[PDB]
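For reference, the chains in residue letters:
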Amino acid sequence: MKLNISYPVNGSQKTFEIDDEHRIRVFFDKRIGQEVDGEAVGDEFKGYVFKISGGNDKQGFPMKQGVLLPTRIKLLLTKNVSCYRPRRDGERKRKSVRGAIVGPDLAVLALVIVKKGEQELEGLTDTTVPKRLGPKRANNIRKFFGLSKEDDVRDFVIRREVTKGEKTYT
Amino acid sequence: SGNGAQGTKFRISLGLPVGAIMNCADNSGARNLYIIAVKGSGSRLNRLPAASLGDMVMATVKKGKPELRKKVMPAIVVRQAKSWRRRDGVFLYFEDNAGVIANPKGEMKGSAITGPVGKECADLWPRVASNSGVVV
Amino acid sequence: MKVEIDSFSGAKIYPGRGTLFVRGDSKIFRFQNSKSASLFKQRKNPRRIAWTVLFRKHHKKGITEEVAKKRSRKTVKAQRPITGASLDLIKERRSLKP
Amino acid sequence: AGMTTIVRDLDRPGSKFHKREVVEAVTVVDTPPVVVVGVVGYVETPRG
Amino acid sequence: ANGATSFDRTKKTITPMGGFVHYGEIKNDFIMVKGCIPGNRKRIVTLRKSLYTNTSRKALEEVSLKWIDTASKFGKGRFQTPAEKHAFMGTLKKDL
RNA sequence: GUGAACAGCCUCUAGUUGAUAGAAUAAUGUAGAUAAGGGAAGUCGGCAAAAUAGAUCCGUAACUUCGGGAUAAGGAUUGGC
RNA sequence: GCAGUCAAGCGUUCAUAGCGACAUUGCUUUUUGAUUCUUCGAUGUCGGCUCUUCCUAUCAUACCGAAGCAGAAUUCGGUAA
RNA sequence: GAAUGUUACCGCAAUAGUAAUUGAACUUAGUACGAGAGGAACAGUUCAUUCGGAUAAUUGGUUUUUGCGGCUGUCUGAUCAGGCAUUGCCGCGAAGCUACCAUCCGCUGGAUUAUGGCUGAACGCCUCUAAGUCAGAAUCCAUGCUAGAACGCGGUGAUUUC
RNA sequence: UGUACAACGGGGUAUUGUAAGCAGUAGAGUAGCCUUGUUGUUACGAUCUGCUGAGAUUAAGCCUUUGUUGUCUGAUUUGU
RNA sequence: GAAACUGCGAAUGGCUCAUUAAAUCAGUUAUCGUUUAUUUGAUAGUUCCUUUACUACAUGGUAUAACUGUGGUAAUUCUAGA
Ligand SMILES: [Mg+2]
Ligand SMILES: [Mg+2]
Ligand SMILES: [Mg+2]
Ligand SMILES: [Mg+2]
Ligand SMILES: [Mg+2]
Ligand SMILES: [Mg+2]
Ligand SMILES: [Mg+2]
Ligand SMILES: [Mg+2]
Ligand SMILES: [Mg+2]
Ligand SMILES: [Mg+2]
Ligand SMILES: [Mg+2]
Ligand SMILES: [Mg+2]
Ligand SMILES: [Mg+2]
Ligand SMILES: [Mg+2]
Ligand SMILES: [Mg+2]
Ligand SMILES: [Mg+2]
Ligand SMILES: [Mg+2]
Ligand SMILES: [Mg+2]
Ligand SMILES: [Mg+2]
Ligand SMILES: [Mg+2]
Ligand SMILES: [Mg+2]
Ligand SMILES: [Mg+2]
Ligand SMILES: [Mg+2]
Ligand SMILES: [Mg+2]
Ligand SMILES: [Mg+2]
Ligand SMILES: [Mg+2]
Ligand SMILES: [Mg+2]
Ligand SMILES: [Mg+2]
Ligand SMILES: [Mg+2]
Ligand SMILES: [Mg+2]
Ligand SMILES: [Mg+2]
Ligand SMILES: [Mg+2]
Ligand SMILES: [Mg+2]
Ligand SMILES: [Mg+2]
Ligand SMILES: [Mg+2]
Ligand SMILES: [Mg+2]
Ligand SMILES: [Mg+2]
Ligand SMILES: [Mg+2]
Ligand SMILES: [Mg+2]
Ligand SMILES: [Mg+2]
Ligand SMILES: [Mg+2]
Ligand SMILES: [Mg+2]
Ligand SMILES: [Mg+2]
Ligand SMILES: [Mg+2]
Ligand SMILES: [Mg+2]
Ligand SMILES: [Mg+2]
Ligand SMILES: [Mg+2]
Ligand SMILES: [Mg+2]
Ligand SMILES: [Mg+2]
Ligand SMILES: [Mg+2]
Ligand SMILES: [Mg+2]
Ligand SMILES: [Mg+2]
Ligand SMILES: [Mg+2]
Ligand SMILES: [Mg+2]
Ligand SMILES: [Mg+2]
Ligand SMILES: [Mg+2]
Ligand SMILES: [Mg+2]
Ligand SMILES: [Mg+2]
Ligand SMILES: [Mg+2]
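Protein chains in written order, with the working numbering: chain A, 126 to 295; chain B, 48 to 183; chain C, 9 to 106; chain D, 18 to 65; chain E, 2 to 97.
The hints are simulated quantities; they were obtained by calculation from the structure and are not laboratory data. If a hint is listed, it holds; no wrong ones were tucked in.
What follows is a list of derived Cβ distance ranges for each label pair:
# : chain 1 : residue 1 : chain 2 : residue 2 : range
1 : B       : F138      : C       : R79       : 45 to 51 angstroms
2 : E       : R49       : C       : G70       : 49 to 55 angstroms
3 : C       : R79       : D       : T48       : 48 to 54 angstroms
4 : A       : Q159      : D       : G31       : 40 to 46 angstroms
5 : A       : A232      : E       : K28       : 42 to 48 angstroms
6 : B       : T161      : A       : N265      : 58 to 64 angstroms
Negatives, chain C to chain A, calculated, CB over 10 angstroms:
# : residue
7 : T27
8 : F48
9 : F63
Here are the simulated BS3-like cross-link-like pairs (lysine-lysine), alpha carbons at most 30 angstroms apart as the crow flies:
#  : chain 1 : residue 1 : chain 2 : residue 2
10 : B       : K156      : B       : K117
11 : B       : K110      : B       : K166
12 : B       : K129      : E       : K74
13 : A       : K127      : E       : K67
14 : A       : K155      : C       : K82
We put the CB at the ideal spot given by N, CA and C, even for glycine.
Based on the sequences and whatever the hints tell you, model everything.
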């Protein structure tokens, strides 16, 4: 099954395909939220700890947290709820949902690094991707740089350069 | 299991001998089905031909649309209430005995099926497979 | 090979074991043995049957250390200021004064 | 000694259970090593 | 790990929980033959080479076990190993 | 005592404890029972067996000599404190 | 009841693929008659149920020969119980 | 089960019995054949019917396990714990027994018939037949399987002192 | 006279479904005492809860035992 | 000025005449028996704390879409993880 791992420190994320069910078997009967020692998944992840965050089984149905039962159910999903974006004010639909207990029918296990191991992963620790946006509210700037509200936020806002053919802008 | 049966069927505990009555689970107008015979059954002094999930039977309709009554027609068994054992080791059983009325080819007289259906029957008759919702 | 659980008690149904029952509404019930099944046919309620899982969970039995503390935290403390924002000019200004 | 149950895949191309798990009964016969304590040799006669 | 396999890996012999009923606690090499055999438990049995080669496609199949049952036969057995038992049960008025 | 009761079931008083005995528990019996799914296909024939059942309340057809039919049929309820 | 021999005919043509009159020769003894030998100091005298074995004049199944056998279907015949 | 010295083990096989059965689907193939309409089979594969011999992992039935629990009536002052009611009634119930209601297993050589042929005279030709001969069936004989002659037999171990 | 056999006890296995005892601010409530209540008190009350997946039963054709106790030469017959 | 958030509208309109016989409906009443987005007209010096070593008012808090990236499903105005 495919493994959708993420290193939230660098914003990195690479996918892995693990065959050899003995290695997959570690995640079986584990819920979303429990931590996994990677040494059992493989050797490249030795000392790496993984957070189980979700995933989609075959037929692409997502997992929903805390909905135990390594099977599918059909919940009545509402506003502010996982695996559902409404279409009308006060709209609910009954949709299928895959449980939060890992099973062999999962196409992809979504994983989150919690502790680094002893070997840099290929495109996960070796590379880092910067955050997209910057602080736009006044006080959030004062707390991204620790500004002590006398330091004139107007100069501490972030500027993003951009090229227009032969005119570099800001 | 006779004409137009697509594939074979691993043996499954017989549960409906001649004279049993099963719910008719299609929308044809019939309510029940009185079994009078089983296609493909054999012979032994004093045995009653019984039918298992997936067998085609000859039946009459005791309760239903008057046009459906007083006449013998094929029908396909879609639910047994007598446990049987699949090759994956499970003994399973439905809550009724149920079937749908068909023509000798295997096509169905009614447009849908109001029940679960045994896969041993869905695998065997495509027309039942179409009209079925939840299977097993 | 999946080990199933009893839909009345909570017992592990290893392969072959127990019996399976397709109810009229196509809801499926598995039992590990004819005990749970007869209770189930009797319309008994697992939360009132002292040895079932659904009973013991409800009456909070034997779950003592499953509600204790743990140690599952992390530590990152990284920086990657803003995409396209000349991050090589965003560290010579992130030198907090107070 | 007795019997038990076995679960195994089924390699039988064409069977509706091909490459699928089946559960099966087996007997077990306790077979500690036998010990050789003699040899006898037989000849052919018009009587057997 | 007589009763373990390439897929099971739980270290355990073929002896079921609390012993083969009416026989004992198999502790020597053994033969596991598919299905059933003439005779009853504790009886002397002869296993003999086939008198003919079978092509048959049913023989010549090279089986490989996934999981061998080792739950108790003296009742409606629910656990393969005693470890599994304490795992699912919890702790009782005796143990500790 | 239970209960409508001289019913059945248990008790007090009184009277019995009389009926060859011992060891086994094969077949076939005699007498008592239970059986998955089907439900009379068995049979001359539902023979045998099973199902039903008390009470309070609701409800009750044709037909009739108006008296009946009628516990028609069909339902609900029933402990303890 | 079953099977023959002759072959006038039937079979568009063509006696005999398949049939076959007028005649004629047989076999069989689950038809019915004819008879009255055995039993009238008694051989339990319909049918079914159950169970076993036997016969072949073979309905099916194995292998064959033939056709008015293109195929498919069928029909005649052989070894066959 | 007496007696062929005693007793024990391991064996041989005379004779007798004997068993497997039928179907369908896939594929061959919309093929051969046919103007068309229609429309096969050998090989291979998956299942099935009828029969048989076992077997009890599993599921199911059975319950005096009177094993646990529950219930009515009564009797032991109450409690505890029990007796009686032709096994009082009810739920669950292991063990055993048991079911196409459950699972497993059911061998392969030869010789022949019908028939089709080889070579080939009688009969300078011709002929499967006269001599000689090939192929050949749910047949038959074996193989296999069950019994083992209690007056059929082999090999082998030990063989008594008051 | 010993991987001996037995009778018990122990451990496993298994069946039932939570023993007796005690306790409780659980309990529709009910009575009795007065100092007639700013939880007033002594108790009683189907039932519920805790100690408690407890207790009971488990080879009579279940398994296993470093424990305890015991047993271990009666009779008859046979030779080429 | 895409996307998206937010706000509002989607309860109007249009269609049909199935049900409906003291119901609907019509004329005539009642709200001293109630809710009312909106439009219009009015309407707000009081908010703190045992009330000097004092409360951000020169204005307090995160947590999200879009987006970036990694993904699942034969399949949809499906959506998951980061
Ligand atoms: Mg798919
Ligand atoms: Mg028939
Ligand atoms: Mg009959
Ligand atoms: Mg359709
Ligand atoms: Mg049972
Ligand atoms: Mg007297
Ligand atoms: Mg007498
Ligand atoms: Mg007597
Ligand atoms: Mg006696
Ligand atoms: Mg008897
Ligand atoms: Mg019963
Ligand atoms: Mg029955
Ligand atoms: Mg009925
Ligand atoms: Mg009837
Ligand atoms: Mg009849
Ligand atoms: Mg009559
Ligand atoms: Mg009747
Ligand atoms: Mg009667
Ligand atoms: Mg009954
Ligand atoms: Mg009447
Ligand atoms: Mg009441
Ligand atoms: Mg003539
Ligand atoms: Mg001609
Ligand atoms: Mg002519
Ligand atoms: Mg006749
Ligand atoms: Mg006479
Ligand atoms: Mg006489
Ligand atoms: Mg006589
Ligand atoms: Mg007489
Ligand atoms: Mg003949
Ligand atoms: Mg011609
Ligand atoms: Mg011939
Ligand atoms: Mg015969
Ligand atoms: Mg014969
Ligand atoms: Mg002598
Ligand atoms: Mg085709
Ligand atoms: Mg033509
Ligand atoms: Mg047969
Ligand atoms: Mg049998
Ligand atoms: Mg049993
Ligand atoms: Mg009792
Ligand atoms: Mg009482
Ligand atoms: Mg008490
Ligand atoms: Mg008495
Ligand atoms: Mg009496
Ligand atoms: Mg059989
Ligand atoms: Mg052989
Ligand atoms: Mg021979
Ligand atoms: Mg010849
Ligand atoms: Mg000759
Ligand atoms: Mg000649
Ligand atoms: Mg044969
Ligand atoms: Mg054989
Ligand atoms: Mg002898
Ligand atoms: Mg001898
Ligand atoms: Mg408890
Ligand atoms: Mg001890
Ligand atoms: Mg409108
Ligand atoms: Mg928040």
